[PDB]
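A.B. asks: Next come the chains, spelled out residue by residue.
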Amino acid sequence: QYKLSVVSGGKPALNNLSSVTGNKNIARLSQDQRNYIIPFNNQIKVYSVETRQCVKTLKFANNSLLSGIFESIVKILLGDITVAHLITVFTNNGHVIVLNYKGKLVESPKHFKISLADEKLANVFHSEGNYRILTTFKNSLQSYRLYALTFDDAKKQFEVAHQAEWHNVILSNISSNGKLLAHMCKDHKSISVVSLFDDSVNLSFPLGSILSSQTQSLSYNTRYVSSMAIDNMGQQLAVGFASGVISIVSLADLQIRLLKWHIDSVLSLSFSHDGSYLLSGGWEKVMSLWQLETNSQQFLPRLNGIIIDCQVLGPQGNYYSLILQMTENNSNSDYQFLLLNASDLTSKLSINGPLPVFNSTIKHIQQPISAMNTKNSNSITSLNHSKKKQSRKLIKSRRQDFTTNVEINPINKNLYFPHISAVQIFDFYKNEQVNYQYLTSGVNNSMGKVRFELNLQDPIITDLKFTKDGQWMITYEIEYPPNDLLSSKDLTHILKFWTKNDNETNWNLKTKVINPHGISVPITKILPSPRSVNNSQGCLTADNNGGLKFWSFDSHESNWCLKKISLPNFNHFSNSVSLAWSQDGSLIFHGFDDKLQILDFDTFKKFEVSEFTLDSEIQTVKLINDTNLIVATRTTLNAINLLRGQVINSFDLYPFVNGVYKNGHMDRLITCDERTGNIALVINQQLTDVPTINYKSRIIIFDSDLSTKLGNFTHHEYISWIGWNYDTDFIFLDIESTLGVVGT
Amino acid sequence: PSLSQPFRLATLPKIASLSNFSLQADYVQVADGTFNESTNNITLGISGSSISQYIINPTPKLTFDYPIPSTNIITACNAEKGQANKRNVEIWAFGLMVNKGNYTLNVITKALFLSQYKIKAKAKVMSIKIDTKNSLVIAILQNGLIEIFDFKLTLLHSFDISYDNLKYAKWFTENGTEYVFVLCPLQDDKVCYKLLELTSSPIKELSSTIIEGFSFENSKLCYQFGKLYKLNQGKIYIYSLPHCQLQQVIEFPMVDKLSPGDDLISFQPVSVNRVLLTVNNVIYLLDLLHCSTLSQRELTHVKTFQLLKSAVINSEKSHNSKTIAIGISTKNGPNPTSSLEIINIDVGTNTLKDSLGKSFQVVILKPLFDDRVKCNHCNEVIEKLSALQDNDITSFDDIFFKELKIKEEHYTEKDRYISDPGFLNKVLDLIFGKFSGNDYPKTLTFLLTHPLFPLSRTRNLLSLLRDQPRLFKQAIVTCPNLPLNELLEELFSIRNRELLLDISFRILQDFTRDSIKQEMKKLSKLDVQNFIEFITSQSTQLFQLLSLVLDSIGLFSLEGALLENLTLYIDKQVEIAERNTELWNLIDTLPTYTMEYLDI
Amino acid sequence: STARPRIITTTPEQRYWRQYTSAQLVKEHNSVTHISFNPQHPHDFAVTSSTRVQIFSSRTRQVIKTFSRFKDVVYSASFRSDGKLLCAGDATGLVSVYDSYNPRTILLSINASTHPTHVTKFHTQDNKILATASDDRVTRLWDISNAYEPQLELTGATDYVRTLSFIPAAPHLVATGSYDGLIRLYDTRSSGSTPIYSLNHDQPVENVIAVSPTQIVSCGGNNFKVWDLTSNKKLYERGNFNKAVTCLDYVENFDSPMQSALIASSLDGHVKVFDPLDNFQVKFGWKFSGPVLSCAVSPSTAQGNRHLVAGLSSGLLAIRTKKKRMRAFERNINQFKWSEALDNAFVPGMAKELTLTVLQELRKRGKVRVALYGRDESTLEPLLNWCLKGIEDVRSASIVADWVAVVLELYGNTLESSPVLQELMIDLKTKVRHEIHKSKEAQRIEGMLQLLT
RNA sequence: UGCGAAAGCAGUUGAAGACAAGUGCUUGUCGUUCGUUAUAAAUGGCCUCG
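Each protein sequence line maps, in turn, to chains LH, LI and LJ. Residue numbers 9 to 78, 86 to 98, 104 to 158, 166 to 214, 222 to 642, 650 to 730, 734 to 788, in the deposited numbering, belong to the letters of the first sequence in order. Residue numbers 2 to 86, 110 to 136, 163 to 249, 256 to 418, 425 to 433, 440 to 444, 456 to 616, 630 to 681, 703 to 713, in the deposited numbering, belong to the letters of the second sequence in order. Residue numbers 2 to 10, 20 to 334, 384 to 512, in the deposited numbering, belong to the letters of the third sequence in order.
Just so you know, not all the hints are guaranteed correct.
As the list claims (entries may be wrong) - Computed cross-link-like contacts, SDA-like style, restricted to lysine to any residue with a CA-CA straight-line distance of at most 20 Å:
hint : chain 1 : residue 1 : chain 2 : residue 2
1    : LI      : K286      : LI      : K313
2    : LH      : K629      : LI      : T491
3    : LI      : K414      : LH      : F653
4    : LI      : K596      : LJ      : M507
5    : LJ      : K396      : LH      : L488
To be verified - For the chain LH half of the interface with chain LJ, some residues (derived, Cβ under 7 Å), not all of them:
hint : residue
6    : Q332
7    : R336
8    : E487
9    : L490
10   : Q491
11   : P516
12   : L519
13   : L520
Stated by the list, open to error - Where chain LI lies over chain LH, by a calculated footprint (3+ residues, C-beta under 8 Å):
hint : segment
14   : 617 to 624
15   : 696 to 707
Hints were generated in silico from the structure; no laboratory data involved. Cβ atoms here follow ideal geometry from the backbone N, Cα and C, with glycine treated the same way.
Please take these sequences and the hints and turn them into a complete structure.
C.D. replies: Structure, rendered in structure tokens:
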């Protein structure tokens, strides 16, 4: 009956090698410069630049070869080396795949395999028919080999020949022409630049020579290099430092030239084709065009994310390609690729996947380097310790929630992600972003936070929901006071009501409630009211103190007003509360800690058995239908008939759910349809011979009363969230930022 | 929802046809036009007696009577008010039966007798509808003939349904148009259902179907809001118009026990998805949508009660939840007397609120999966524990902990399988009988910590554990759902300081401020007075509790001499607390000429 | 790139009435007795004062027509429904009819009685009939065509009749209220001269107004009571007024959030708005220098600026009419000029609320110690001076505490060599101690409140 | 760092290797490792299109 199928895409693919910089971007703009090719983690998309829409899509799932092979793409080359819309994909393992865009995928691409002996392919580049491949071989520093690659027609094989070798490569960069390589080694350090296809350029010099003396007296941040860039002619080499100073060196005489605007570690440096301009980007959220004849500077500030990478992409420098990070989400690394028209510095093409904010970090996500160790950044020393700590947390520790709140729009079926201080509106039908709206105050885009400002925490959207009608948006926010202050421990809780017309795309804020339920009391649960009561313009808000507030929208005030309140001043605090409302709207089920209460809406008080004691704290209380109520406690789940008041079925969740998740996440893991039945989702660690980072997920369809299992399906990765679309199908989000669907 | 006491409208005459109680309802007819929510009048045809119109409120009274010969049987009767050629008039149409030899259709017009007309009908007049707008009288006959006459009984139209022995016909109006559906038995439990629309022919056949498995002889039929309800062998079959397709079946257990032949069953619709079912002298108001018994009432003073008609509320459109129903009550005694009785019925709001816990329908942990991943017999044990000798603590504890593989003396999350209430309650019962006095097994300590400790044994539980301080202490801290009254009386009775503190925290934690105040008023003035003295001699919760006492005492009951002292005590505690605050916040926190001596 | 978010700095019925901000006070020569509004655009309103009647332009809010032919005190200026006529009463008892906006012509002059005629009202439904009430205690109903004899002469009043009302949808019904405390209803279709029935107010009736076709509101003595003729009894009664209520006016179907409004003079200087939909409950009011004798508002179809008019015994007339770049601190913060932005906060003649925002912004910005690093006693006092006053306010109380601590933790040694700053702390000690002291009762009082409940 | 409520309740912050400086010894460091649940500071601030 039911079946599972992936629907949306995932995060854009990046060259995630620590040593490689200036070349993290793998995407390529067509020779005709009419469309852009972007490889994703699970797909390859082709977007026509002129219309800024995805003209073509190529899924590895569709192609058997790509499905088996996909390992990540290390590079794309336009055309076919072996041989007008052909491309060659090089992956890290060494598979070379000749694929076609602008057409239909061929189920038998010219798959090949370059032979490497314990080498991880890092880069490939060409000038005119000649191809060299860079590979990684193994002090915590990886060494590199430069090989010559050619295709022999007789054997139809890619033969590899050795050119050069370098050891303990710290940092590396390739010229815009793709013909010069500059790198750093510890043989403290020395920088060497070499021509790739010729022997014309071969130079080396210690870092000490360019390195100044005052910085030598100063901390390591001043001596720490964060980025490097080499001019096409090789006459100029730019080195950026963690302190935020940029230094240009003339290779002919090693003369030094200081350009200092960035206050934090400069992350991306790139020379222009002629060499007269230098592009810089860093934590300031601002791209700087340094005019080198005069050291003037122009600014394109205000960008969404800090600049991981920056390049000039065009025969005449018509466009700039930039990589943005969105460090605010510490759980995941949120990459956004921007192509700007150099003429007017306007967004020619913005590309990103879904941007969920998980509760904790996942896999090997590490914060970018900064001048000091903060919540949103890692210091120079902090990187290794943080990586080890992350791995050992994923292995030894047992709390592995990695759960994200997601919301679905009844009127438009658009997917809402509560990003930190903002909401992403993402269309999974088209697999493209439709909007990004900032819904809170704070230093959110006013500037780029730098140094201690980076320790600031912007307001966090905790709970986001829609009314059943869908024209209203209820949002709950927590504002964190600044540290080192008397009022540094008094968190502020805010509630906001927003509206928009169907044609209009931006929500307009209609009312604001400051400190609902009192001061320092969080809004742990929110439930929109059913259609029967107040034709879907009411809502319920529930605390950890068991207090309930029913709000409705009054036409006379034109605003949202507190119709009913019940504030039993309980002294025990618990974040485990669940709320359900009957479809008729007569009654409300409120599970607080271990006890469930049936409260009559008219009196807004206990029914006149109203009290149901359970073994342990309730995580979720839900009614699949009016007759049956499904209640999940931390140890089990139980189906009760309200009609007879007895349990039908009981299922033990302890072996899987003991302390893996914080209370309240079962709400977003457990989903129900209003017609057919509900679903239970369980994620487990796969371990062979100590736990391993990779996970496995199981989704089970249950009928109303949980008598039978309609279906049982397995996914290969942590399904962060699952919810019921208003159609019979259910949508599920995976930590690969992948939205699949289970449905009839 | 509720059912009132019936009140008498009239006493039925002692006629032989009415002597058979089981068929008595058949011999009494209720006019549909005059009986509704808003009408205060009922027109009733009592076979062999008369057709009589009564007013109900303020007091039942007979307003009109038309006598009928004793040998005549009323098969169909209707009364409707209208305008006739214009004068405001009341039209009464009734069919009478003489020995099956001749069949009489009669129409009477009265001024609000203006006229009386009588004709011979071909077959049994079963349903009569009066159309005051068009001045028409429509009579359905058992031979399948639907005949439309004027008020003068001049035959205007005749339609044949092509089926004889018609057994059920009901009129209804939808969207302003008149409709009638007719049921005709066929052989082998088959039934012809025909739905007809009243508008060259004024009668248009909309639907004709054959239903199988539909018996009549033991089947009770009623209609409401497009739904046909059939009670048969304790099962209510709900069919939906216009195709009369079986939509649902409800099993009604309380009728399944009835022996076939002795129990007198009557049945009507009273609102949307709500019916009234009378079994002998018992009356039930039932919600069919939610399968709940909204109300029940037993008429001890009558042998039987049979429904005749009920004024049906369209609760979806009506704010009124109040209506009436009429029936025949037969008394107990050697000379039973039958009377007409009316019952006032509150149907309710038609919400799920009404139906909870009123169902008329009467565990083991199941694995999630049937079959390389990290992991984070009740009766037998009851018998083993019961077989043990009296006052053997060691054997009891050994058997319990070993058989249930329990590792800790207190409840842990690992012990979920044990949480079945039935097993626990028996173990509690055994411990009480097995052990008495000053020695109890450790099994109780485990049971006290159990979240599903039965509510039934909560009462007097603290009283039982008074002798052991530890068991008493364990109950307060963890044992669930302790009654508040026992906690309060025990709070003011204990002199031990530590238990007083724990009890107050447990009381304040598990009970709202409003709830605790009311009980605490019941407490004697002396005990509270004693309690206040102890405070004179975590503490914030106790002080908060003291503040709660003062209000329950009330400004009047408070006596000046004591209040001065307590005023002194709190004042000393004020400066102690204020002094503490300052300490806490505290812990958080070149000359022109200089003379100096150098050192050499 | 994105534009910069700009720094972000009662009942609906009350807010509507607050919009009558423009207040003009005019002086008349005697007590202003009666105020009328022309039913027709520009809806010019008439005032009866001394021996003259003055017509005021709605837009100009100034006299446009002055009617001085009246010899003795004038007692009315009511317009007909068309507004082309206006009728008036005089102490001599003669009732005069003039063409509105044409003072000169006396179109109809009738001598109702030798006694004063205080009330003269055109019948709303029927134009030709004009009703006159006099101190003779007979309310003659006159006709324009018949100037020599009344069409009907209503009697039965044993005291002065000073109130005459015509019930909408019931042209035949005529309501009269005398100083007997009795409100008498008459039918003109019948022979008349005898009330259909009498309603007892128990106090002298100063004005009777028909709010709606079935509801009539009578304001007499210290209270006004609404009566329904179908029930023949008072539905509702409000006595919030302290002086005797004198005049009462009603408007409906006007653009306010409230559908209908009822304005009642008190004679204690108060005119208050009552809403019929909520049982005639008090929603708004205004105060004046002296007793209010007359009150009026622009009719529903004003088609222009709405007007509220109040009449005082002193002769005073009050008219209340409802007419139908980025700052320096914002630049400093956008330019990251932390210290200067704080300086802008403490400048003379700066709104307190705005001063809070910039302080809030800097705190939210994580720029607090930075804004205070480069400061001395000379430039620190302005912050302290604000802190000394801000501490009193609840909203600023948390903020001042935050700022004061940082400067305190940041300028300890400086405070030692600066005597002036020390005294600022000393008075700061006293005020916070008072603020403590004020708060201390608040916890006492709130607990006290808890006892009763 | 664990748990919990937000308040808080408990528990941590070790060892080896290499380099630099000062005088084999002392101190400080680590784009080194093993193990435990485990101040900053290179004068350096955000474009233009009315």
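A.B. asks: Does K629 of chain LH pair with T491 of chain LI here, judged by a C-alpha cut-off of 20 Å?
C.D. replies: Given pair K629 of chain LH, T491 of chain LI holds - Cα atoms ~18 Å apart, limit 20 Å.
A.B. asks: How about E487 of chain LH: closest beta carbon in chain LJ under 7 Å, or not?
C.D. replies: At about 5 Å, which falls below the 7 Å cut-off, the nearest Cβ of chain LJ leaves the hint on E487 of chain LH intact, so it holds.
A.B. asks: Do three or more residues of the segment 696 to 707 of chain LH come closer than 8 Å to chain LI, measuring C-beta to C-beta?
C.D. replies: holds (count 6)
A.B. asks: Min Cβ distance, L519 of chain LH to chain LJ: is it shorter than 7 Å?
C.D. replies: holds, 5 Å
A.B. asks: Does the structure keep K396 of chain LJ and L488 of chain LH at a Cα separation of 20 Å or less?
C.D. replies: Given pair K396 of chain LJ, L488 of chain LH holds - Cα atoms ~18 Å apart, limit 20 Å.
A.B. asks: Are 3 or more residues of the segment 617 to 624 of chain LH near chain LI, judged by a Cβ distance of less than 8 Å?
C.D. replies: holds (count 3)
A.B. asks: Regarding the hint that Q332 of chain LH lies at the interface with chain LJ, is the smallest CB-CB distance below 7 Å?
C.D. replies: With Cβ-Cβ at 12 Å, over 7 Å, it is violated.
A.B. asks: Checking hints one by one. Is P516 of chain LH an interface residue toward chain LJ, by the C-beta closer than 7 Å rule?
C.D. replies: Cβ of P516 of chain LH sits 5 Å from chain LJ, so the hint holds.
A.B. asks: Under the criterion of a CB-CB separation shorter than 7 Å, is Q491 of chain LH in contact with chain LJ as hinted?
C.D. replies: Violated, because the Cβ-Cβ distance from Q491 of chain LH to chain LJ comes to roughly 10 Å (cut-off 7 Å).
A.B. asks: Regarding the pair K596 of chain LI and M507 of chain LJ, is the alpha-carbon distance no greater than 20 Å?
C.D. replies: Cα-Cα ~16 Å, so holds.
A.B. asks: Would the hint linking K414 of chain LI and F653 of chain LH be met if the CA-CA limit is 20 Å?
C.D. replies: holds, 17 Å
A.B. asks: Against the 20 Å threshold, does the CA-CA distance of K286 of chain LI and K313 of chain LI hold or violate the hint?
C.D. replies: holds, 18 Å
Violated hints, in rising order: 6, 10; the structure is consistent with all others.
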